[PDB]
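Enquirer: If you want the building blocks of each chain, they are given just below.
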Amino acid sequence: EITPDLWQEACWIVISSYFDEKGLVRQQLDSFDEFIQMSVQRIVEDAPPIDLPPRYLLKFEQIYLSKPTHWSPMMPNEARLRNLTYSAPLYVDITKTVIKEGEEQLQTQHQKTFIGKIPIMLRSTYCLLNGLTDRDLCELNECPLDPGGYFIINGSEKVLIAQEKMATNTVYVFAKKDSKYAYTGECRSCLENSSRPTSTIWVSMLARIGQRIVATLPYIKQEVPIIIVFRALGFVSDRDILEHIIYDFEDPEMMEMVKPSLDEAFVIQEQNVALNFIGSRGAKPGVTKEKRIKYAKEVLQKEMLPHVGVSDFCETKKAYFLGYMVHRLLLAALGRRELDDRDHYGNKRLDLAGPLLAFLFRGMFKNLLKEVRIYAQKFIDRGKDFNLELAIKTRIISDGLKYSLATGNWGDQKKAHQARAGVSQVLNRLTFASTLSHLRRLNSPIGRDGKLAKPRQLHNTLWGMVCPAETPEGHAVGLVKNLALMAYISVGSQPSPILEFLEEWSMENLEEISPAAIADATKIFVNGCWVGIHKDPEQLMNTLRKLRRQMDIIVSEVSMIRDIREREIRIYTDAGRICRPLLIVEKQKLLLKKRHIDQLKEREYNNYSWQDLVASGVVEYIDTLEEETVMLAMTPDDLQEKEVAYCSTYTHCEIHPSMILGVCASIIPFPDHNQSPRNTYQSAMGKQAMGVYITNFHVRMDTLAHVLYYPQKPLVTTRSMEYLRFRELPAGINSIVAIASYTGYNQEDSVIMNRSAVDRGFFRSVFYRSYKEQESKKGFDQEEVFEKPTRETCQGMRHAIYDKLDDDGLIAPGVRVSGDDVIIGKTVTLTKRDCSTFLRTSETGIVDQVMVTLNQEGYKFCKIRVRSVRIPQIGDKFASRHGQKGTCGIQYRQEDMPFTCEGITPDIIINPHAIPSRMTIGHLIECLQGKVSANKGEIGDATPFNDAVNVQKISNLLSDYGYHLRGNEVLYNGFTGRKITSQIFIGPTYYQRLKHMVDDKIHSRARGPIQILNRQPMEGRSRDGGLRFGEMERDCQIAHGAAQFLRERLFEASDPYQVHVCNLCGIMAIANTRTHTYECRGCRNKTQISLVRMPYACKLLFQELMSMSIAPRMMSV
Amino acid sequence: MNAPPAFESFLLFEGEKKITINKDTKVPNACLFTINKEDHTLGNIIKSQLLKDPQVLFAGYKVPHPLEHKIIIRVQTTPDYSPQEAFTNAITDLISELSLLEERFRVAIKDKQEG
Amino acid sequence: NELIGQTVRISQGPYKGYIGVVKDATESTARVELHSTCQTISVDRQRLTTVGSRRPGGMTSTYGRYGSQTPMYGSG
Amino acid sequence: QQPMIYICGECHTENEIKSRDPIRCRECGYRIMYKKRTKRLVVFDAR
Amino acid sequence: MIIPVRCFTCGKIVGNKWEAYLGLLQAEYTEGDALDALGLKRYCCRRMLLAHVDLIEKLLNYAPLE
Amino acid sequence: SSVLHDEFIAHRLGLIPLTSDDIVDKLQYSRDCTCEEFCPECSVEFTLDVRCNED
Amino acid sequence: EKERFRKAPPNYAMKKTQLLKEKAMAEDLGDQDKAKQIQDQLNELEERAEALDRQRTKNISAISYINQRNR
RNA sequence: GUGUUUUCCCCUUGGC
Ligand SMILES: [Zn+2]
Ligand SMILES: [Zn+2]
Ligand SMILES: [Zn+2]
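Residue numbers (the authors' numbering), protein chains in the order written: chain B, 16 to 67, 81 to 99, 106 to 242, 252 to 873, 888 to 1174; chain K, 1 to 115; chain Z, 703 to 767, 771 to 781; chain L, 12 to 58; chain J, 1 to 66; chain C, 56 to 110; chain R, 498 to 568.
What the hints contain is simulated information worked out from the structure, not anything from laboratory work. The beta carbon of each residue, even a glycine, is placed where N, CA and C say it ideally should be. Just to be clear, a hint being listed does not mean it is correct.
Facing chain C, according to a computed beta carbon distance under 10 Å, are these residues of chain J, among others [claimed, not checked]:
{"#": "1", "residue": "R6"}
{"#": "2", "residue": "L22"}
{"#": "3", "residue": "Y62"}
Keeping only pairs whose Cα atoms sit at most 20 Å apart, straight-line, the calculated DMTMM-like set for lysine to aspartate or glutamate is [what the hints assert, rightly or not]:
{"#": "4", "chain 1": "L", "residue 1": "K47", "chain 2": "J", "residue 2": "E66"}
{"#": "5", "chain 1": "J", "residue 1": "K12", "chain 2": "B", "residue 2": "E952"}
{"#": "6", "chain 1": "Z", "residue 1": "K718", "chain 2": "C", "residue 2": "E96"}
{"#": "7", "chain 1": "B", "residue 1": "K146", "chain 2": "R", "residue 2": "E543"}
{"#": "8", "chain 1": "Z", "residue 1": "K725", "chain 2": "B", "residue 2": "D849"}
{"#": "9", "chain 1": "B", "residue 1": "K199", "chain 2": "B", "residue 2": "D386"}
{"#": "10", "chain 1": "R", "residue 1": "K513", "chain 2": "R", "residue 2": "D525"}
{"#": "11", "chain 1": "L", "residue 1": "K29", "chain 2": "B", "residue 2": "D846"}
{"#": "12", "chain 1": "R", "residue 1": "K533", "chain 2": "R", "residue 2": "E543"}
{"#": "13", "chain 1": "K", "residue 1": "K37", "chain 2": "C", "residue 2": "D87"}
{"#": "14", "chain 1": "B", "residue 1": "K1143", "chain 2": "R", "residue 2": "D525"}
{"#": "15", "chain 1": "B", "residue 1": "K95", "chain 2": "R", "residue 2": "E543"}
{"#": "16", "chain 1": "R", "residue 1": "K555", "chain 2": "J", "residue 2": "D36"}
{"#": "17", "chain 1": "L", "residue 1": "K50", "chain 2": "C", "residue 2": "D61"}
{"#": "18", "chain 1": "K", "residue 1": "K110", "chain 2": "C", "residue 2": "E96"}
{"#": "19", "chain 1": "J", "residue 1": "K41", "chain 2": "B", "residue 2": "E959"}
{"#": "20", "chain 1": "K", "residue 1": "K18", "chain 2": "K", "residue 2": "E8"}
Using the sequences and the accompanying hints, generate a full structural model.
Expert: Below you can see the structure in the form of structure tokens.
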């Protein structure tokens, strides 16, 4: 039977089953698995055989991939500790057939030739950890909670950020103001996984007889008029043309609109002069007319509209597709159809770790084919039978991927500055919600420093796809984005089964159409190829849907959109379409009935699963372009009940509305009670809250790790943070917060902490810093070795105490170390220079563990990590889940903090003024329900949109435990014991401690190290630099009229220097002050010299001018 | 890292005086007692015991900075009464109070037992 | 100077019992890097006493210390 | 006469690794091993 | 990670109650009756046991030796 | 070799309450006791010696 | 020589020994080596699961039973 | 009695 409300339980048995079936990083794992299983083989398979004096044919087959192996299987933790690249060899079967004179060919098959190591993403179908149990993962020193979805490159966890892009194969009509074009029908085309990049087309209309439609074909410098292009496709007649562009001549308006483009072309009728026209606009036009035709013939065959087809499909199928590009342009010009929004997310695709890597493999492969080609040329063509096994420079793949996954430069190192950048970022291990969100992170390539707001705005179409709250508030604000919990990025599937199915059901294929049929007939668009038309689109939509609901012919990821107003059915199967599941609605009942809930409650015990909800036509993956056409209830009991009907025609229902939130936003309790920027600030700070970031942290040699001593589970949680696994790896402590002004040391966004709570371990954390150093053969006479230096032999040697480390040249675990203490003693022979590594200045920790090993080079390599207990202090930045943030402003012992009737003193007192301007009422409701939860003795629900919870209901509960129903309490002043006249709002709230500790920020200089080029202070704390007295400070001191303090800051306290200058010229003289003799070469004067107090950077500027042949002759006159 | 050690709240440094009377100049018969390494525990009971003295025209205590472990107690009396002896009697009688309270508590303990 | 780089115990005053290493020392005061806190204090050198950290014996090969009940051949 | 004892990362067996030596556990051959704790005086306040 | 020895807010020893807490939950005491039966009255002590995540049981899955 | 680092162990030992119902009024503050190390007149020594030689 | 008389699979890295046995089973097209590998792998799996439960035997068992009954 | 030294560019992330 149907779910009779009581539906919240059912609603989270769904979702729970989803996250059982599809852990949070499924979009990375599936993308990679699909790349390795299909796209890699596709690329090597579809690369042509190589051939050339006789000539061979060289051809590749059945590409194979082993498990990751060190040469024996490397575990990922070993690759991480030894700084290896976690990777598996890629092998392919190569058939060589050389053939020559006398008809003597030998097809010798080189089996399983090693092409290179391909880096494996962790927990993929090809990682050693795949399906591996928690026991075994712990035995591997792996974390069973670790998601996977990242690579190990030379020991660094590297995530591939999903890169957003315009959807290929799809026409878009834009108006580009500030141009000669009124409208532009863009298309970006790819047929399939082509080594050729996407080719872009535009069919623009000049705005200005007026209204001339042009086309900007690729590899054409000019802009051929479209009618010439259709004639180049061989359509002589003005009625064979337009039959592609105006599907009913009965419309006079498009007819009279297109006329002036024909008047631009009527000088050309035959295809051959049309090709001469296009060839003469070629970017490399051939001298002879015939070569110009052949060039232009190729461009149309192979470069224009490639997705529609190549060769035989040229003169019809993509003539129709170009006709459709024109038709939709004309619709956008008549205004019959609105312009496409470039930022509508149905118009976008996401390049996950699959396409991101397939692009490189098409770039690193083919390079290998060029390499073996040149090799076999050099040899074979000299009658020297080559060996291909020497021809294969396996370095090309292995280092190409290694490099790009390391730097993130998505292109050749030869041309990296021309490539994309930061596609591949070091996984954020700071806290588990940061790891999980870094893995689910999307990125718009749109330029930052691009001033446009519209690509940064939260578009309506990100609903349920992308977190409305989790964005960097920096310059990347709105460009970097995050997946929503149930958002799934479609991995891609072959359209051929769908095309075969559409060949049934009375579909009419595009090349058999009589064009008059197109007028009153829906046009079908598989992956943006127009492939036919259909008389009856009410049957197709119901059948294609039924088949999705049966998982058989159409895989769940396929999205069929039915545009009613324009008669178009567009079916997308390709990869990178972000989608999300929705409950199906039929009539007005859900298909999700009590049967499914009961079966799914006993899941595992019956091995039911989310996949059975999908394969029972109960839930459906909808994607943002199909979301255009769903009518989407938001809960059944709200929206489908017999109120005075809103629509009563819902097709789908939200599974739970909180699933619009992402990973860090769905840890916020009551986010619907906060001002939205504050939910964004929490989504930020939640990636900085110290916690336990992973349970194998004792094995990690991470460079920076913060581990909280006593991280706690939140007393109020969203349900969503069940699946985030936040109650297993929590980041924060539920503290008895009081919102009182008290002594005023909490005033402007600051907190008073309880010193006695800190003494008990409140938010006490540990800071691990790992220092890595290895060995090397620098040269013949130069060699590094781990060795205690000794003043006798080691010539260079710091003022440090080298005896803290033992004769191995390695500090031992358990030794107290401080800044500029020696950590790895290292000598390099000249006798020996000191080359050792010292603890970062003012770090002051204890050596936690020391590991020693061999790197790829087989050199001794050690990583030392030093721990540093960070007892919270004044200036440490605390925050709460509601974007309240503040430094500890003072710490009062328990005796000094205010206290209730019982001796409950707050742990954190935050100033009331944090609340009223920010309206983080979710913070107040968290505190109230946390106080209920702590008395009630179980964890409150703060799932946002849960109308079962409200403040009055909580207050009612709180009053039952003998507290004021609004959470206020009478406090007594800790100093005098008098009751405070205002009762104070006090209760448990989940606070976070952020990585921003003050001792990592405090910095001072008084004549420290100096830059070598311009003798100014070095930059930055780590360098012991001096603060920049910038331009704006210069201006602020001019306004002060503080010329003496301006001179000292911009000179005497920065780069005090002196020059001698000639009196007769103003070129700097030569001044041997050591003998007090002076001359200017060029005047030969020795008396006419005067000293000039002169900023060194000024001296250097004037010498950089003289080196341009400019004499800035400084004169004392 | 540049943290005070916790004993600095109660241990005198070599040369620090506990208490350091200073004649106030603004009004007659007023002193400022500056107690080092004391806080509201010792300063508030003295302040409130001084207000029970009818010959004390003004009595108060402050902690100039909470990060510093030093209180100032300003006492003004009537000209027939130095605040030195106001402060002395405010401690003598407050000790008599706490000692009487201690004796009465000790007896009340063993009187709750079997009573 | 003669007492720099050695492990010392503070035997007097407020830091009694703290263990640290002398990072520096004049004749009047050492600077002691405290083992527990993330801090280096300056302390009057008479307050310090050297503890040292050494191992006796130095002969690992054959300290049999007799033995471990040698089994006989004619006992089996 | 201190041979610089190391602890095999896999076996947890102790290994003697003097200078000019390859890092391998003589039990497993495993290539990662960790230094044993110091012998100096480790004293904490329990603060 | 492990149970805090003292309730941060007040001071009551809660570091000897975690295994007792879990044993009472295994007697199927309701979650607040376990706390009422251990003797935690103040919500500041109760949030020590309710909120505590005992990660040391996961850290002990990893082997140093055997 | 527990999974907790030494400062964590030491911290936890700090917070363990001790039955000093009487002896606290006898003992000196160590800062005030005149002896070079700890002595039974200004301290109580504790030992912990535990190894988990079982599953 | 050391590994000759001293067995390895009972080491803490039993998962790695199982991975090696799986690799040896997959590498072999002979059914006899595949069946010997299957038997060895099942035996090592049983032994390791027994040891895991034995170390899981106390306190770990108790918190497993409480989580499973709590849900 | 011998004692302060010593890398850069580029990218990414983060702080007000
Ligand atoms: Zn001159
Ligand atoms: Zn408490
Ligand atoms: Zn003593």
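Enquirer: For every hint, state whether the structure bears it out.
Expert: Hints and how they fare:
no.	hint	in the structure
1	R6	holds (5 Å)
2	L22	violated (19 Å)
3	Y62	holds (8 Å)
4	L/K47 / J/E66	holds (18 Å)
5	J/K12 / B/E952	holds (15 Å)
6	Z/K718 / C/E96	holds (14 Å)
7	B/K146 / R/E543	violated (36 Å)
8	Z/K725 / B/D849	holds (17 Å)
9	B/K199 / B/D386	holds (10 Å)
10	R/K513 / R/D525	holds (18 Å)
11	L/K29 / B/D846	holds (18 Å)
12	R/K533 / R/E543	holds (15 Å)
13	K/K37 / C/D87	holds (17 Å)
14	B/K1143 / R/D525	violated (92 Å)
15	B/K95 / R/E543	violated (25 Å)
16	R/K555 / J/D36	violated (26 Å)
17	L/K50 / C/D61	holds (14 Å)
18	K/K110 / C/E96	violated (30 Å)
19	J/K41 / B/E959	holds (10 Å)
20	K/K18 / K/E8	holds (13 Å)
When held up to the earlier numbered hints, the structure conflicts with 2, 7, 14, 15, 16 and 18 and fits the remainder.
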